[PDB]
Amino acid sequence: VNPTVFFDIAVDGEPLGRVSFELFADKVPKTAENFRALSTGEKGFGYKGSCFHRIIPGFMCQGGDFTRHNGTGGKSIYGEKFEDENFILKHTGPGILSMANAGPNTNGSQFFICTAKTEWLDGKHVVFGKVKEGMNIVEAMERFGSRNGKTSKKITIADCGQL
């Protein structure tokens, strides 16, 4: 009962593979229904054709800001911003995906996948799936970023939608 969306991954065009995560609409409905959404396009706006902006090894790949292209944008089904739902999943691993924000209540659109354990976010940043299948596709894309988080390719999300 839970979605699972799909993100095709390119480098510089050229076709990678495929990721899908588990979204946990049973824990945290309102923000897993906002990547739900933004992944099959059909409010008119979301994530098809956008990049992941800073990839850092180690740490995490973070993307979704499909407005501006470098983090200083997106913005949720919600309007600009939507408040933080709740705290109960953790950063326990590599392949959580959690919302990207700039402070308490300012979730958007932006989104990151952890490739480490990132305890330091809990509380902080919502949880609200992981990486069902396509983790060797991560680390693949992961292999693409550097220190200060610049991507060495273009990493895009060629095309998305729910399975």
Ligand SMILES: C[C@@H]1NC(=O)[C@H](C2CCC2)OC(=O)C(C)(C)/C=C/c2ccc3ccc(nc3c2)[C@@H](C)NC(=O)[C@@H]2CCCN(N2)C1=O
Second form
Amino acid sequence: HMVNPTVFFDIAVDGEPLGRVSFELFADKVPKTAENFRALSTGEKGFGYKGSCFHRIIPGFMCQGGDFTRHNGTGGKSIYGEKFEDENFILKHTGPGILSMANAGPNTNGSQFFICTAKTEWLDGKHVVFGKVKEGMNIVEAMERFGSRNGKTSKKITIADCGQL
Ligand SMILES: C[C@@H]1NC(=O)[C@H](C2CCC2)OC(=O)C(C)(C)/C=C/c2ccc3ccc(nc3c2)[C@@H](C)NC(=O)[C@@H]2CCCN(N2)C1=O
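Switching from the form solved without the named molecule: structure of the form solved in complex with the named molecule?
Whole complex next, starting from this chain.
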């Protein structure tokens, strides 16, 4: 029987440790999308999220990250190539904690992702939901306080370490 993977991010604020956020990845529903995020979190392909930042945090909306090639929301790449397809839209944006793929149009998933801090149902069926925060929503809420209405962060929010549990 297969068990959904768990991954962790250790978050830092201007280089100062903040806490750990862990995620369940719904490999049972979106295996290809789950596997991308899993492998980018372990670094096992030779690239991934360790050291990258959350480039846009909008309080009461979402925290977005995963651009480890241009560091500002314009870059990123998947373990399958520069981009990969939308797998399915089985799972919906039901509330805070949902983990979902950022994109630039149909079938443009790469490495960027977002963590919901509110229900974002208008994104259903165009962003692939593939996971959820398991532990450490308090740390996501602490990260959120460094966001702003236009998404610029007031301190640098980084993934100091990440991997699989
Ligand atoms: C739609 C967005 N896509 C990207 O960020 C992709 C990247 C390349 C693959 C992912 O970047 C692009 O398309 C370009 C480089 C053209 C930048 C767009 C951009 C810039 C600043 C924004 C400021 C604010 C907003 N949207 C913004 C969107 C508000 C309204 N929405 C969001 O913050 C949503 C939340 C769900 C995740 N999420 N952002 C995305 O998936």
